[PDB]
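*Asks:* On the provided structure of chain A, position chains B, C, D, E, F, G, H and I as indicated by the hints.
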Amino acid sequence: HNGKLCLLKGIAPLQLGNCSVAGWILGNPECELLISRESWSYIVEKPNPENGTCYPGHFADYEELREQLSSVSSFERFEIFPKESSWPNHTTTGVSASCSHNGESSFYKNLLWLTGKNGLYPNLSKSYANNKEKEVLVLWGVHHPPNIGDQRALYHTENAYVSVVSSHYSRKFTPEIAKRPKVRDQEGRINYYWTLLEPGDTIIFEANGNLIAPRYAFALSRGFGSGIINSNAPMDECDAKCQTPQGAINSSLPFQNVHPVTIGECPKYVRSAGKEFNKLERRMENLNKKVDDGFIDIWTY
Amino acid sequence: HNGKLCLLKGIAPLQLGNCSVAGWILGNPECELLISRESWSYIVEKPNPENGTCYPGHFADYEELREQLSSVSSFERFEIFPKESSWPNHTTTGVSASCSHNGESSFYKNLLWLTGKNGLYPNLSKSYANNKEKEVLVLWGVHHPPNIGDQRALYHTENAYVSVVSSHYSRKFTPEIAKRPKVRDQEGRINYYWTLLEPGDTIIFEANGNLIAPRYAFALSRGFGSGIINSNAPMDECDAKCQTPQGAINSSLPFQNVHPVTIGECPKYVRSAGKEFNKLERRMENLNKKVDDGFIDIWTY
Amino acid sequence: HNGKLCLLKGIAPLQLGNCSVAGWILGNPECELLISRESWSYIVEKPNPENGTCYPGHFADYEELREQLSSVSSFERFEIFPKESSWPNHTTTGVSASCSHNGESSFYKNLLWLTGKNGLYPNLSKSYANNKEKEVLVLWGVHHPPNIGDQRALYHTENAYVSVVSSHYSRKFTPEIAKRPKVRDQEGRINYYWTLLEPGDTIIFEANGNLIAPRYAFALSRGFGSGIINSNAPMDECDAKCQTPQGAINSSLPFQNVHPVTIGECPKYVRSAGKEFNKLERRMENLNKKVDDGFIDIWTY
Amino acid sequence: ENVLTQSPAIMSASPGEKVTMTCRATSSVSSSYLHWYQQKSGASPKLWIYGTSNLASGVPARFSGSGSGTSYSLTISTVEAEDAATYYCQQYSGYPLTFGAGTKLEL
Amino acid sequence: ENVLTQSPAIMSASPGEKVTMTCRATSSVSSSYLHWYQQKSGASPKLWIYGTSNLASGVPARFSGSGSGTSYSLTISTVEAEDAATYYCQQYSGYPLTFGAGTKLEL
Amino acid sequence: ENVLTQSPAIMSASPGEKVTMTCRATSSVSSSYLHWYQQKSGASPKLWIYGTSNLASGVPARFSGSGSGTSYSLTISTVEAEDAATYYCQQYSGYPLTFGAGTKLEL
Amino acid sequence: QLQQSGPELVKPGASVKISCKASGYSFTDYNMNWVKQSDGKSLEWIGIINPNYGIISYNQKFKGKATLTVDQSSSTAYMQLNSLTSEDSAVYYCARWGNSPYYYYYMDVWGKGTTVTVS
Amino acid sequence: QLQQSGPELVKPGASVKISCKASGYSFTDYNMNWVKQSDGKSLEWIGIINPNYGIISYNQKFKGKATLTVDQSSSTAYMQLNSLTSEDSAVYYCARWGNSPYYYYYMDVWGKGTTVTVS
Amino acid sequence: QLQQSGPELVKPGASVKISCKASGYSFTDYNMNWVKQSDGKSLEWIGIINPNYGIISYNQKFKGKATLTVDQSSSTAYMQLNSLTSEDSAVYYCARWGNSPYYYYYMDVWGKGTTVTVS
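Those protein sequences? They're chains A, B, C, D, E, F, G, H and I, same order as listed.
Numbered per the working numbering, the first sequence spans residues 1 to 301.
Numbered per the working numbering, the second sequence spans residues 302 to 602.
Numbered per the working numbering, the third sequence spans residues 603 to 903.
Numbered per the working numbering, the fourth sequence spans residues 904 to 1010.
Numbered per the working numbering, the fifth sequence spans residues 1011 to 1117.
Numbered per the working numbering, the sixth sequence spans residues 1118 to 1224.
Numbered per the working numbering, the seventh sequence spans residues 1225 to 1343.
Numbered per the working numbering, the eighth sequence spans residues 1344 to 1462.
Numbered per the working numbering, the ninth sequence spans residues 1463 to 1581.
All the given hints hold, so there is nothing to weed out.
Among the chain E residues that face chain H by a calculated CB cut under 7 angstroms, a handful are: (1) 1054; (2) 1105; (3) 1106; (4) 1111.
These are calculated hints, taken from the structure and not from any lab test.
Think of the CB as a built atom: it goes at the ideal place given N, C-alpha and C, for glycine as much as any other residue.
Same shape as in the complex, but just chain A:
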């Protein structure tokens, strides 16, 4: 095989390198806004990219977001809520040392660490209606600070809550003040949440506190012929109708032996010479693996 991260049809991939899908979407400070790459044939991920979420925390339904973005082939990274003029009574310039970028501190580029202004954090009710006629991927976060002092210096309320509502999605959060062990130099975490939002649907955010509010959001063309390849290799320009993680394929045979996770008008996998799940989904993985494995035998008669 061609051994390079070629182009499927002249349309170029997206290279996150030391970024990750977790950080890409959150807009990791050590990462381009990637506005340069709002369209691709495939996403490229390194086996364990170091700089994903610059701030520690659990990215809820991460393994599902990866999958719904696998099909996606383009965004429209709009400022669902402008940093200025959307939050006149909130401080939007929050930053953390954990999210350093060419400097002592910063924060994600697709979220706003809302904190009080004039020592006041007013119960917010911001809302947005998807008039863009295509599904909108919204992201937000809830901050689980390591102590009551940080909670009440940022958000000025103790029994804080968050609430997110849309036509067929309602969830309410009460974040816990847990003094977790230090990771990336920080104790408290930022549990990150995502929801799709149908055309014409509207999403309502509400919070007494602890909201890591959305700045941007992806009105995204669900598309097909995409996926999160994972591999380390050069990115040189080259052409073939099918990509695999270690290289593209020109059609000498419709048979592939290269790494399963494949994208494009690709041959069939064999062994004869991309989804993921968490730990509480082993059943689901052994499904997928089994699903795969049997086909992989069937393909080599």
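*Replies:* Quick look at chains B, C, D, E, F, G, H and I alone, frame taken from chain A:
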């Protein structure tokens, strides 16, 4: 193919037309009690039937109820709790304009919008024990009224809760007083819940309020050779061992090209000339699709 | 086929007999510590073993624990918390009649029914860090006593809670004081919970009460070539590379007709002469069944 | 079932004077669901206590309240002739929300 | 560890009279877990306060209570000769639930 | 916006005497976020009430507090010459957490 | 505020309808009471209409003798008297249950009352 | 109510058993106390048996010298005195922790007490 | 406890830095206040630094004229005065928001204060 909603073995389908599985089970007022059709070969669903839940709300685990009813081939629509003599201290005649039927108002035929009597809503503890020696599909609802005024005029309590218990199923609900946007002329919603209940098992309902209590419930023969076909077509009587949504099949070949969702002693799908999931189950759908797709290739060698 | 619970490679199975995977891991009193069998080729389960959890309750994510233990081929049953010297301010010798063993009472061998000492139940914060460089299966429980009297005689607090935290798993429990019907002579239940815990990860337990704390925990070699066979048959020693529930197979053909759930270098299933799920996972089962069934046809061309 | 009696039927008083009037319930009433309305000379009444102690908008602090169960109290630190009127007590004990026939100020 | 002392050891009184007796704890006690029992002439005692202020069934309103932490109080607005007895204070501070040796009424 | 005034500016008193001093807020303050600090002769102040009524460690029970909304009170049952000092009231009403310029004891 | 129909005079048995309409608030949100008041006498709770859900409830003294309904679009409530007799010659108010947490069943605003009279 | 065994006379060292049985309530639900009372003296908490789970706990003054147990079917509790001595000549009560939210560790009903006597 | 830099004398316009460092508690956990106090005058809230997240906030009286920062490793906080003038000749304290449920924004411990003086 025969082009008609034939009969598999002389046993007739169920036609919901402008009804939906969501409303069918809830007993949509604009829908027969369908006592006429307590047995079938298959359910028939239109692509997007208008009159499903006459009242807006989210039908919890809907995509699973559809599947467990797909296998089912008969009910026994018993009044698990008679409208009279089961609730002497509750008003059972609640109705809504959203659920109009040949008149200004009504309500579902398989649930009771319990509200206070004499301005009192006593903490109820009704319970039922499945002495029918077959699984019982119970349905209830919790009302999320759009304001405290409606909450306290119906149920007379603010911090209201619901609780449902059985040998291996316990869930507790605190419904939120959310002023959602108007749908079918109504703001507050009715989150609908269902549980199966094994033979000899007993289900306990408890509520300080907001219970849309069960009137009827299906002691249902789990059966096989069934499913929720979806298609628009005539319902004329005709005979063949296999049905597909656009028509039945007589055995000229064991090969089918018609719409996947198939019921009966049916041939195999090919392309060579019914489950569903929500948005947070894309992984599961790409499983099913993948599961399907590969077989669909394997079938055409 | 050989008709016996043979040995795959000389390495012997594990025989729970009247025990179950639910009780095995919990250490059912009517069951050896099974220290004799900390390694196997396969687990053996009877169709419906009577003495599983000696105490009634719901074993959360049971159907997933079975699956993650299916792959496992060895433990290291360490006392993650010694009964003595780990809980100086708690009574560890709690027992129940339901868990009788050659006597009036006992309790599980892999958990500790912590109750107050000197009438005091101090808010505990015990924690353990997985320095064993392999995944640790932790088990605990939360007691849902049948009345406030038992709650406050055991744990001495009414609004009791439990909390379990680790790098990517946080859950909080408030157990309900529910007077459930008697099972195995006991009303209140013990909801059992399990989590895997990665190498170098640390798990934090916290509780004001109702904690059925962990005594032992399995630092377990995830392995392969294993699974929970279910069958009734003799356990005589015999040899073949493949086991099926009704017997082993010597390689006369690579074709099998015996019960699906199979372990070892086994032939392929046909019909031509182990996972499970709960009720709210019918979709998942019809997946698995479908997954199986199609392959089972494909295998017989 | 419930019905309430309140006292005095009529009060004679002077401006600048303190008073407390009582509403007693034939059956129990939560302190969160008893209320007191101003009412003058056949006009539309007005809500002047709404939580057994909580004071509505447009009514001075003077107006106060207290009580529990079957007995409740409205209180004025100072009455004034043009401020005084009939006062009606109200509750929820189920329905009906029957009021107590208003006490009257002759001031 | 805990132990309680209560006073007076004996009260001399008259019918129609008010009293308050005190139970002091050597260590802290929550107001939700202190209680007072009636006890006459060696018969079985009776529970007459069960929440530091809450009154049991079968005992008149007269009986009252209050307090916090290490000090608590039982109170009678009116004693009567056949109603009076020894009164025992009780608490939970862990175990034992040691009582305070009963105060006695000579009335 | 908020600012507080407290009184008296200076108190003249005698040992063994009771006092209450008042802090009034130009805007509302929750009783959970107002506090009082001891301060002597230009040294570092000290926190002696921390919940409008709750007493800090190292300060006797005598010190007490109360109030709500726009008015709050510090109270001493007994002043002593070496115990007395200037007292500063503090709140949160958003930021700034502006204090009330300390009242002073001439005792 | 609330506005109401005008005074009315009728003979016995002649059924008659009173109305009151809102302004200055969302009509559908707050519940509607109706309350009789005879001249200088007690004043008593007829019953409520919950505008949103049409869940009526009555005082059994008036049950049947009164019927309550509403129109959303008109922001209006209507009260029907059936089988009138002399003692119905009184001032009928309609009122509103203001919304508040932990306190409720108060009537924070009143219409000016309609003298419906039997003679 | 609670019913109890009868008065008893014994010599020192002779172990002896008291009983008390319930009626008028579900025995298994409410916890059982035992409490000594010497004649006109203090009266003190022996310990509890939790009928449902058999979780005993004792006052360390009495630990070992007393042993508590129950029988569900008989709706009965039993208290054993071991190594008796003269000062055990007293009235032993058994009692019950009534159930209530936010308040607990009260003893709302008492047996009539048994005079177990050493001579 | 808290320890602080020493007294300082300066001319106008000369910016200057005060410090205070903790001991006897985890520095990172509790928030840092700074508070001016002129001689015998009112004493007023400069602003806070949240040591953990570097979320500063100021009183608009002092905004810009003061700048606050911290060093975790040194367990230290620093306060910079820019564009000094005569009325800045005062005692500057740093303080700490003790942590407690339901009560907060109190300053339970204080540094000994630094006389920074303009002449």
